[PDB]
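Engineer: Starting from the known structure of chain A, arrange chains B, C, D, E, F and G on it as the hints suggest.
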Amino acid sequence: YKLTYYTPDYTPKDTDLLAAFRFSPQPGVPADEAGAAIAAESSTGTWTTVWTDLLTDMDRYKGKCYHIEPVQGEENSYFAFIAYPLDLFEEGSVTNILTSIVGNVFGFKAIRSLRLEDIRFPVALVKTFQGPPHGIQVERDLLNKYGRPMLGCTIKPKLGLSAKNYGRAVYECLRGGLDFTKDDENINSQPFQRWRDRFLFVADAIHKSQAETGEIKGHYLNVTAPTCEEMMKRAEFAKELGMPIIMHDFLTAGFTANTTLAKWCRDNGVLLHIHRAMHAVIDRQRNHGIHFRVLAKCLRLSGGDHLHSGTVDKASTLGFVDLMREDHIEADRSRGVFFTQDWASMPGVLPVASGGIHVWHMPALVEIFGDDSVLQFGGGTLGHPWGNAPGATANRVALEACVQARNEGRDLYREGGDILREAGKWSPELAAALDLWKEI
Amino acid sequence: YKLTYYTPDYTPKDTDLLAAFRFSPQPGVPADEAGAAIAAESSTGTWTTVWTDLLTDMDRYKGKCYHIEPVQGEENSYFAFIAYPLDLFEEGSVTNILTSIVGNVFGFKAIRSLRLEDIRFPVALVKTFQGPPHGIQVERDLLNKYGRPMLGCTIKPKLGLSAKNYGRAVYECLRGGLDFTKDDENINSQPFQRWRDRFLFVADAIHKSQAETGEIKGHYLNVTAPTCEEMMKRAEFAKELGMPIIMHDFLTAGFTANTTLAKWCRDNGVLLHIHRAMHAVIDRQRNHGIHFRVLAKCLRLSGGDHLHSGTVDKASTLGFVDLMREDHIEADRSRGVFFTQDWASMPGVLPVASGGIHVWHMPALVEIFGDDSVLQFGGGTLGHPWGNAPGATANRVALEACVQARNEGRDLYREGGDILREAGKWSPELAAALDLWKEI
Amino acid sequence: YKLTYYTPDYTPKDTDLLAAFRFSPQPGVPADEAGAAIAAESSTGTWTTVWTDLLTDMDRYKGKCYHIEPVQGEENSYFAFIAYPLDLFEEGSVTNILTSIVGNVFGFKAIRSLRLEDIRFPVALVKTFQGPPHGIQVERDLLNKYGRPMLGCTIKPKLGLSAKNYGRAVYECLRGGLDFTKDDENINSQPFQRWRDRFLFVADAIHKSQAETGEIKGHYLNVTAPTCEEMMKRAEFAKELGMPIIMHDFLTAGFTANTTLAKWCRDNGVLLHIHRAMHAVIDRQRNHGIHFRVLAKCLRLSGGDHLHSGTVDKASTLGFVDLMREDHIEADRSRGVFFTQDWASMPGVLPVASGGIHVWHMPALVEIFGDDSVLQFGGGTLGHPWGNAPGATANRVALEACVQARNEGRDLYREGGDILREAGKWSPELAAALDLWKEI
Amino acid sequence: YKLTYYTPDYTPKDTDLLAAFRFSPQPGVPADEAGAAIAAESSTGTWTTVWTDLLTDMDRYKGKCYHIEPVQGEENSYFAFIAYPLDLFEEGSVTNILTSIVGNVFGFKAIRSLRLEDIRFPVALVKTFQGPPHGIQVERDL
Amino acid sequence: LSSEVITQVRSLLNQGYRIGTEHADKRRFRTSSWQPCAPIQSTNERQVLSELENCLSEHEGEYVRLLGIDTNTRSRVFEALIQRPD
Amino acid sequence: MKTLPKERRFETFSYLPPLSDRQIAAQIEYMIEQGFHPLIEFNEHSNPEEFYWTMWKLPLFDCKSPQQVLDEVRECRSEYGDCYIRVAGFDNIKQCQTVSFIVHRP
Amino acid sequence: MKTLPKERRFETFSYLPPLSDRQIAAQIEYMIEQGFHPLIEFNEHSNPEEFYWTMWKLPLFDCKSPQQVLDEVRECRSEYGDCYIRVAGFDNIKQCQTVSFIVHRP
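These protein sequences, in sequence, are chains A, B, C, D, E, F and G. All the letters of the first sequence, read from the start, carry residue numbers 1 to 440 under this note's numbering. All the letters of the second sequence, read from the start, carry residue numbers 1 to 440 under this note's numbering. All the letters of the third sequence, read from the start, carry residue numbers 1 to 440 under this note's numbering. All the letters of the fourth sequence, read from the start, carry residue numbers 1 to 142 under this note's numbering. All the letters of the fifth sequence, read from the start, carry residue numbers 1 to 86 under this note's numbering. All the letters of the sixth sequence, read from the start, carry residue numbers 1 to 106 under this note's numbering. All the letters of the seventh sequence, read from the start, carry residue numbers 1 to 106 under this note's numbering.
This is chain A alone, in the form it adopts within the complex:
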């Protein structure tokens, strides 16, 4: 394999798709032979040479391993960089790209464990995809929300609430000053609460909260469904109700359904929130699977306005937040960005920081993510000693007191406590919140 597929002198074309794999070769197998095999088994490589192969240009469709390096401070672990020709791929299909790259190699025997770290999508390929239905910039325009991160909240409990009581919770959260509320990942259309009832009562909660406050409010209505026809039925009803935004679980529902829905969203001006349920089946372990960064890039192509990213490895997260927000991202290995990546004016996706965060995290989260993010406070809102609405106000004051302090030049890491402590003096809702949760 090495003679054909391992080509260290090869310089990748700008039209090439590039993949970075982390691998451990089985004892005995050298890194070079194993790298070539990753290139072979992900492109064309097969155990036998057949007569039909001679009816086609063989070199043309072949994946080349152009670089192998040992991973620093780790034994028997190597990075292999593989180039793939543009021809291999169906235009505008995430499904095909994954099927082509990750379809077989992971079950290859001579490799102990394989992990796909990064993919370079070439501009020629990027242009075949719709990308996000709206992107970061259009979304702030549609919502009239400028100069601060957006606040969200997940309604607890996960299951159990009637559609009417659900809406009540929603309404109280939104009237207190959150921008968004969201359905839980697994809330779909169970017996305790059917989807169409939920959409109906949530829409009334949004109207009431919007009129009271005078700000645009939304709720990510989960349209994840057993079929594409059901999904479209839910999406369509959310549009009927005049809802600004919907959510989808892309990894569980799949890429085909996700791409379907993002096209629908573009056509109907609805914003698409993307929940990364099931991701840690694939992306948790360092040694095996697909790093999230790759799935994020794939989502930006497939389409989605928001994407969950986690809360805060730090540098890795700051790495793929740039990959999902910016137009040009230079290769920076410290931040886990393996290839330089150009988006050719495809809009950015808003990262969504969520999970076990409260008022005391607020200064750190503003320093880390900045103004183009969604911060989500599930228990941070509903767990407030006075209930949802003052719970929301507490978060909103905390956020705006930080954003003001950041702009005024104050250091949100050294002064972050004092900033909140000062804003607690005039906001009783926040003072209550600062007392319940301990400072981090």
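Read the hints as simulated data drawn from the structure, not as lab findings. Mixed in with the good hints, there may be bad ones.
[Unchecked claim] Among the chain D residues that face chain G by a calculated CB cut under 8 Å, a handful are:
| # | residue |
| --- | --- |
| 1 | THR48 |
| 2 | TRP51 |
| 3 | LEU54 |
| 4 | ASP57 |
| 5 | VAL138 |
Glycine is no exception: its CB is placed at the ideal position from the N, C-alpha and C atoms.
Structural biologist: Below, chains B, C, D, E, F and G without anything else, positioned relative to chain A:
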């Protein structure tokens, strides 16, 4: 958590959904506390208790860990059995079931590594799903194929062939005596060969080969597409051409698209071959991810007539072949079946053995899988010294000589070589094939 | 050819189509033989005589050249007058009329250069077409705008502005006192600004300006698209948003698309602005191509409520402005009207003067075009020292001061400067605009 | 115009659209000023400067004339080579590409006559189009 | 100038390619909006490297890209980021 | 530089200073010259979405004097002073409205 | 515990005490440093469904001192005291609006 969620005295209801997880707890964390947490984090479990929780029956929607056992001959590794109420799930949705079970737990911090080993689907839930469009029995009826496994073949090379040359290869393979040919996983609609051309030339190859031989022939036309609307467009054209069968990559394309297509297949009498591309991202590693057995069970619900299973751990494979074929499967831990499983008359899915197999494997494969399977010979057919058609005949003679020998009472493990050697005496095609590939 | 196709004593029928061609014959070729050749090449003439010609009445479908005159003061240059029977053409098809007349003759070898100057459409042919979806009289009725020309403005820059920034600039122009704003020709659906976003924010800018001023506002939304299906999708959304008017580039997009759209505009009661992008490729050179006068005539038939005509040769423009406005236009060669044209009560098309005009041009443009015209001030509005709104007011005061002074009997050519200077005394917006731009 | 739009040292990107224009300038007009003018008129160039231009990155969407050469053996006739950014154009639209490139320049006054000779479509742009429904190889097969 | 950069400039000039340069500030860099530097109209290795050093000192705190230029085809053969603000 | 004040306008001549009787007469002189038929219209509101205003009396078809219209404007002013009053012209040859300008505001 | 009052808000910083002139200046200093262009907008109402407010003059493009913006806020206050006044900011490189915060409530 332990007081509420770890309930060792609980006996699971017949309506319960049961999940078996393999886990390693982070040093310090005991197995019982970690088991309870898997039950919590996969059902309702959250860091804070909110006022809205008191508006609902909390115990009702709660996942219970009813058994914990240490994995035999492995340190710091435990099985936790978790029961979930039927209420938690949207009817007829694989997407929701996965989102609910595997949505969060895998990223849980107190667990070093988590692997979902098995799921018991309760009969109440099974009945909400369509299942396979046709199943094993109907499929043999539709094809008039009885008393032997079906033979397939994947056309090599993967990429490069024009649609006409593709069809030529197909035609020669089918005329030699294979039942099926198949598109490669990553063959979708590239520039070198557009799908609609391929479908057209393949349909003509099937007609010619069927008329010559007088047997029903098919080719698994890959309808995996970037959107649901594109997928349906391809599926619809395959029906127009009168094609018996189509293929889909369920894991890459997702479950929603797969469920959409299996409903379409039922309605249009088309058979659905399912390719398990990308599976080893999830199911290879023992310590983390989702074992294939679970995905197979999920596919049987979602719908599919055929499913790739691999070739031959042996007992594990023989385990989930039963789970995808039978109506009732007793719990057998040696074969990796964790729960007893009833399908309540949902039809079976045909397992597809594929990958690096040739004439010499034929006796072993017949002993292992039996008559209800598809055996796939990519290079075993095209790699024959005389080309596709005699290549096919060689396989077909090998198969029928084994099946005859099995029925005659001969032991296919001791006599398997002699059986082929004898059939080589009157079949020159087979004798050639037996000379090229060495005996296993 | 001369014996058959040059018929200098033929007097055309009222049902004939008449064409005026300006031509230069190649040296050695006489004018009469050249004119005869144009008649043949644009109708039936061919290098060989076939037997199938004897199966038909050959004389019936024959283009006759009935007049050849030399162009005064230009050596080796002639006008040919050619008559075509009504049987030659498909009813309601501008596409067919062009393919028939201009489809071959221009590549004819014995001609050095050929230019089509005028077409006479016979009434029998005119009645087969729809004409403008509304026309001049109905347009003024639908917008309540009487007794003055209508005011427009193109948003600059051409590319770059976000959909929201675009709408802001629109709103500010419209509130200032312009009747219309327009998309630039090349604004379709680029990555910096997708169409459905621009449509959405512009629709909202129209509502605010219409609510402020209390006059009907509109914006020519560019519905020009890569396919007829995309075009209809855009036009339909502009209807949904309750937009009065849309634009189309008839030359680049072509006549088939334009006619499709004009039918849709009739059926959905939307006005249709027509941009003449790419015209100077065809209509600029005197010696070769199709004069715009002809393309104007075709567009009146094809369908269009407005049509760009340029700003002010003077007499040639005044000619074709009558052709697109009046019912009966008598033949007048000083104005370049070769044939008397009757429109059989088909409504007129409004001319749009546009490009490189500011407030000092106002008295001239009112004197030239009168009230049945749109005047367009791209840089004339946005270039104002105080911004879009005072810019627009300056134009609107200038225009209404002129119209009033025209109606009062003042000469707009001699007193035009004084009229504006007078209105500058009570309008500070105008006085600023009169300072910036130099008097013409 | 020449200071902005005539950029003789600009080397085009693989993502650029490239146009070759044959032109005759009107007597008195130099070729460089004429080429610069083609670049402006086919992209962004306008007679007045507006405030809304300052709300955007003006340099980004600017057609650059990067080469001017005289046509051999033909007096007062030049080739201009103009580069356009990929951001200028709608994906999959031949209609837009024409409207953008040939929509205005041909009526430009300082040019006696203009002829578009060649366009380079960048691969990034080519991929957005369908192309021939079948093409040569598939046609012979069918 | 670093040794790695010099090696590339040596390699390009030996292959008969011209050396081009473009800069971008921190904000423009993110949108991939580049601006061309003062052109290096030389083939001599000493003169090219002297002009490059002069270019980097002029655009301090800005991203600077090096370009390999094929002058026959007017195409970029090479692109490398050679300076960054920090 | 100054910011434009938000003001409701009423189509043609509504950006000019309100027309004096002498200015109105001169506009009617124009209509007589073109052979248009003057009509006085009035309304309580001026909503752009509404096409029609209420017609005061009947159009003055054989109108030779501008004073004849001014007298009908003066009459409608006293009868509906709380209303907007508008002068509209008619081309019987082109068979359409040709003039429509405001004369009185409440 | 206390029930939250029902109150209309006006997006960014409206949950803070009304910004003093020193605090407004501090925000403008941030915009100058970020290279955003300040614009003052005013509107009689504040409906969430409406995208646009009336521009007060033109965006200060060559803005160097915050005092230059404050002076233009002071002027807009005297002219439109009954209106809501807002400070918008523009990134010309990202080609979008980046800032939008209220400065005056009637």
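Engineer: Which of the stated hints cannot be reconciled with the structure, identified by number in ascending sequence?
Structural biologist: Violated hints: 1, 5; rest satisfied.
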